[PDB]
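With these hints in hand, go ahead and build the complete structure from the sequences.
The chain contents come next:
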Amino acid sequence: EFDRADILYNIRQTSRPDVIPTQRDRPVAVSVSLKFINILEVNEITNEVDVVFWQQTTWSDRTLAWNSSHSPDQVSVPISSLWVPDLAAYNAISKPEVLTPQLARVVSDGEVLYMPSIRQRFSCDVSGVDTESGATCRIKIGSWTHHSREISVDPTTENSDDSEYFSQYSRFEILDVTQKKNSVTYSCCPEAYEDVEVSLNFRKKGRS
Amino acid sequence: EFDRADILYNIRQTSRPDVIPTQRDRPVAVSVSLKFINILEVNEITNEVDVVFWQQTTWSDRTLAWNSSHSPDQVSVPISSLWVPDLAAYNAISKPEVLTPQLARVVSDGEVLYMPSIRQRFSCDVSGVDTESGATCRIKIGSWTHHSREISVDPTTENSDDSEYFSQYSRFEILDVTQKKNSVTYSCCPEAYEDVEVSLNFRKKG
Amino acid sequence: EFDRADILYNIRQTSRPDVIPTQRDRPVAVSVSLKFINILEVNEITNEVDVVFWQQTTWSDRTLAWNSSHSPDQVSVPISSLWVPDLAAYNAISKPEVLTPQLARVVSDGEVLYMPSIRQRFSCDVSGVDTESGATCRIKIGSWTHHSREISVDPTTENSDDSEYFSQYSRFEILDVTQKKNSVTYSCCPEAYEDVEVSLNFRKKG
Amino acid sequence: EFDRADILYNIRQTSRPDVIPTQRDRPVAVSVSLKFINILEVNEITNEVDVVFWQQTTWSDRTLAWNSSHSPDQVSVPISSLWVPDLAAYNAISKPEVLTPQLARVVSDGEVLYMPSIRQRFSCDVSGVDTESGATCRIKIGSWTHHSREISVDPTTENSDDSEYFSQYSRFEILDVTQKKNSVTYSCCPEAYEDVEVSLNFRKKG
Amino acid sequence: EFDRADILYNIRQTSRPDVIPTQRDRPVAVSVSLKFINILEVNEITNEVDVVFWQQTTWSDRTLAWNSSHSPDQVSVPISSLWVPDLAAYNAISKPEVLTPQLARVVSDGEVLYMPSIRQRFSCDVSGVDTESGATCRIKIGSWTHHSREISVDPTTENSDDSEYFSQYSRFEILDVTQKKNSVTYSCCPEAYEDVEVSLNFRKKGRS
Ligand SMILES: CN1CCC[C@H]1c1cccnc1
Ligand SMILES: CN1CCC[C@H]1c1cccnc1
Ligand SMILES: CN1CCC[C@H]1c1cccnc1
Ligand SMILES: CN1CCC[C@H]1c1cccnc1
Ligand SMILES: CN1CCC[C@H]1c1cccnc1
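Chains as they are written, first to last, in full-length UniProt numbering: chain A, 19 to 226; chain B, 19 to 224; chain C, 19 to 224; chain D, 19 to 224; chain E, 19 to 226.
Simulated from the structure, these hints should not be mistaken for laboratory data. Here a beta-carbon is modelled for each residue, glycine too, at the ideal position from N, C-alpha and C. Some hints here could point you the wrong way.
Capping the alpha-carbon separation at 16 Å, the derived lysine to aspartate or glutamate pairs in EDC-like fashion look like this [as the list claims (entries may be wrong)]:
1) D:198 with D:215
2) B:113 with A:21
3) C:113 with B:115
4) E:223 with D:62
5) E:113 with C:115
6) C:223 with E:62
7) C:222 with E:62
8) E:223 with E:59
A few chain D residues that face chain A, going by a derived Cβ cut-off under 7 Å, partial list only [said to hold, decoys possible]:
9) 45
10) 70
11) 74
12) 94
13) 114
14) 117
15) 118
16) 121
17) 123
18) 178
19) 185
20) 189
21) 191
This is the structure:
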């Protein structure tokens, strides 16, 4: 039997936050999904957008696991005590501003959910934002330093609505969100790195 | 008999800041209440507001308790030595800027009061800010990661006065502040998460 | 004979920066004085000012004391090794930007002087700033979490000119600086908290 | 046989982050190459530019090496656990804003690749930016404190296309990127310091 | 013989960074000299300037010394491991933005050179900036908390041109840099504090 204090103590003492939780030479499967909350600023001249999204991030780390047969089966853990995937947005032009407490939810089987609210600026196609078909801003996210044999990134499906959490008070409306996944070889390095491309189809609402 | 040094040493040494002070499998009851001090900027086109408020936050942590029959019965404690609720404003568009010393007041029975002055910008309904009925901006606050069996959130009880500490030098005036607690289920997760919705009814002076 | 290394070692090794240096039955007497250096921005529409001042802060901590019959009688100490009063400006709308090295001067009897240069923005009365009688901006400073029995705040007892070090290159000129102690209760808590109100009477130059 | 955990433990335990991995008194050869991603703001009046670039940095540190006959031959390491060259852009007018996770890739033979995305503002020649031949902004990068007997800086670009990773959505387009190795003695100090000058020839599209 | 690792270990283990390296009740002699790199913004209405300068700072700390008959005689050391003079500019209106790695160079006899590149804004006389005589902005630098028996501050000169490292792409040109030493008594305290005043004589380049 463990209480929350015991679980959290054991995790702090033994999770190796700098060690990717790879098992038998297989990639850590990371799921990412952006839930758009607001679009704060758009510039059709510069092709830049300022956006707030929840970055729902999910993966398994079995070194975190504990027998919860007589115990709580989930806890909140500061991310500084956990390994977290080194995800970056490749077309970000500002550093990610995390708006929320930096805590992940860890299940007793080792499943982790880290879902920060992030404000970040992007360079992307803003053309058509003012028309009915709208603009399509693509956001590319992947591990910065782990190639495909170490981290895979997936846009795991749901029925997950588009503007389920998007602000009704925004000047913009979301028409569609699609996720595409890619495998790229960069000039720097010989291995392929996976990314998810998130296409945000949106437009400016008219005053009426 | 303890002096302040002993109380604070004991809190610092046995601090478990990462551990939610859950007792008898009941949620930690957190009270929140926003005391509006200033509205610094409002944009009716973008529906954004920049606000300064004291986020009065209250809860009980029995692991902090000490016998105070012959001791001080209250101390100020760095929040880095305490568990603090992971509250977030859901419609915030900037990160909370804490303007005050990050100290909580702890009572010998384990009651904590943490009341930072916060500057933060929010996405909300700014329409009507210039009519007499004013605008109503809604701010939603709740635990980011603890569901309803772990953290409940409630309005601070004490009969809430609206303009109490609000700046007389602001360009805006407060007409009314109301609160409503909700219980919401999001698609990410199967459990319900509690929030308080704070409705700030305000208008431009003139 | 202690040398500076010994003094600073002893302070650092025994320092309890979390512990208010309450002397028996008494509030720690803190003296505060703002020496205005520059007024960088003024907005008469929003009633906001951006200011730079030296926050002269003085108090006694006898736990720091040492026998200096045959030793240096003063040293500079990082404030992270010292208890420091949790002062806040109640009408501040930005968090204090400290422009100087964060060192206090500690005398062998336990007297401490901490005098940071601070840039901060405030909400206050900017009306009349461009007139002959000028504007009067009031800045309210007090302990954020320590009530009247734990901290008292007074203006430094000197006659002194708080506009003495003000920049000659400023667009503004200071006409007068006055201070008044107040003591107030807040809805949150049953005790009185002390503050100093610093009234800065200033105007634009021609 | 070591697993990733062992490799990272061993590196962390013997991380000598402040020690330049000099061998027998001969300079650490550092390769630098800037991969331009975006040009965000250009001001022809002030001669200032705001740029985003991947700063591909490469060097060898044999103290990091491990036998990978039966082990992973590469790991990602927090740069806080590694010595990293003290490179600075001499004409930068803002501190480097690092946009990416601060991890370097370390090969079992001791080769290190650190490649942060950086946003930084520079002072340089913006004249002609809205002509056809374009502007040429020169960025000078070298070790801040290590002279030529301790750090050598070389452009290894490996010959990969200029506009390769540059945003197609930028307002600007890259015409050409060239590099020059320099060796400058400064008035302060008697030894020479190496730098690479990266010349970005770019324009506004039509 | 010590190697670099030994030197740095020994310094890390025994530097007392909060201890002023006073020897026998003498002041620590600190030399300061500003090498101007750029003038970014000037406002003649508000009397404010935004400047970039190398703040060349030099002093001796005998506790850092080591025998280098058969060892490297200089190392780079993080300033977090060293005592550094608590210098401040008295007319600065922003905090000193350090643009460079925060390393000092330490010689085996205990001489230290710390030379950060700093961007900072000042309140000073901007009048005359677009005439041929130019403006003269005075920058006052001294120890914040150490009086003259603990720290003296002294300007030092080289025969180099003041523009050696001034940007040729600035909108301003430097006409002259001079420096004065002062000893001032403030109201707070009974002791004299030393400062160096650095007078930057500059003007706007021809607009064409
Ligand atoms: C795959 N990353 C994305 C761009 C560069 C590359 C990389 C590789 C190794 C270390 N850092 C970055
Ligand atoms: C209640 N939170 C707000 C948005 C998602 C949710 C959540 C749940 C678990 C871990 N992180 C975030
Ligand atoms: C006197 N303080 C300033 C305003 C609220 C009050 C207070 C009391 C206890 C803890 N935090 C804040
Ligand atoms: C190469 N650096 C750039 C300018 C001065 C020089 C330097 C030398 C020693 C310590 N810091 C800086
Ligand atoms: C020399 N400094 C400049 C103004 C105040 C003074 C000072 C003295 C002691 C501690 N802090 C500041």
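These are the hints, each one checked on the structure:
With a C-alpha separation of about 5 Å, the suggested pair residue 198 (chain D) and residue 215 (chain D) falls inside the 16 Å cut-off, and the hint holds. In summary, the hint linking residue 113 (chain B) to residue 21 (chain A) is not supported, as the alpha carbons are separated by about 32 Å, beyond the 16 Å threshold. Simply put, residue 113 (chain C) and residue 115 (chain B) have alpha-carbon atoms about 7 Å apart, close enough for the 16 Å limit, and the pair holds. At roughly 15 Å between alpha-carbon atoms, residue 223 (chain E) and residue 62 (chain D) fall within 16 Å of each other, so this suggested pair holds.
For the hint pairing residue 113 (chain E) with residue 115 (chain C), the CA-to-CA distance comes to about 7 Å; that is within 16 Å, so the pair holds. For the suggested pair residue 223 (chain C) and residue 62 (chain E), the alpha carbons sit about 14 Å apart, so the restraint of at most 16 Å is met. Pair hint residue 222 (chain C) plus residue 62 (chain E) holds up; C-alpha atoms about 15 Å apart against a cutoff of 16 Å. Of the supplied pair hints, the one linking residue 223 (chain E) and residue 59 (chain E) holds, its CA atoms being roughly 13 Å apart against a limit of 16 Å.
A least Cβ separation of about 23 Å between residue 45 (chain D) and chain A goes past the 7 Å threshold, and the interface hint is therefore violated. Because the closest C-beta pair between residue 70 (chain D) and chain A is about 6 Å apart, less than 7 Å, the hint holds. This hint holds: residue 74 (chain D) has a C-beta 6 Å from the nearest C-beta of chain A, less than the 7 Å allowed. At its closest, the beta carbon of residue 94 (chain D) sits 4 Å from a beta carbon of chain A; the interface hint therefore holds under the 7 Å criterion.
Look at residue 114 (chain D): its Cβ only gets to about 11 Å from chain A, farther than 7 Å, so that hint breaks. With a cut of 7 Å, the hint placing residue 117 (chain D) at the interface with chain A holds, because the nearest CB-to-CB distance is about 5 Å. Among the interface hints, the one on residue 118 (chain D) holds; its C-beta lies about 5 Å from the nearest C-beta in chain A, closer than the 7 Å criterion. Hint status for residue 121 (chain D): holds, given a least beta-carbon distance of 5 Å to chain A, under 7 Å.
Because the beta carbon of residue 123 (chain D) sits about 5 Å from the nearest beta carbon in chain A, less than 7 Å, this interface hint is met. Because the closest C-beta pair between residue 178 (chain D) and chain A is about 4 Å apart, less than 7 Å, the hint holds. The criterion of a C-beta within 7 Å of any C-beta in chain A is met by residue 185 (chain D), whose closest approach is roughly 5 Å, and the hint holds. For residue 189 (chain D), the shortest C-beta to C-beta distance to chain A is roughly 6 Å, which falls under 7 Å, so the interface hint holds.
A cut of 7 Å between beta carbons decides the hint on residue 191 (chain D): the least distance to chain A is about 13 Å, and the hint is violated.
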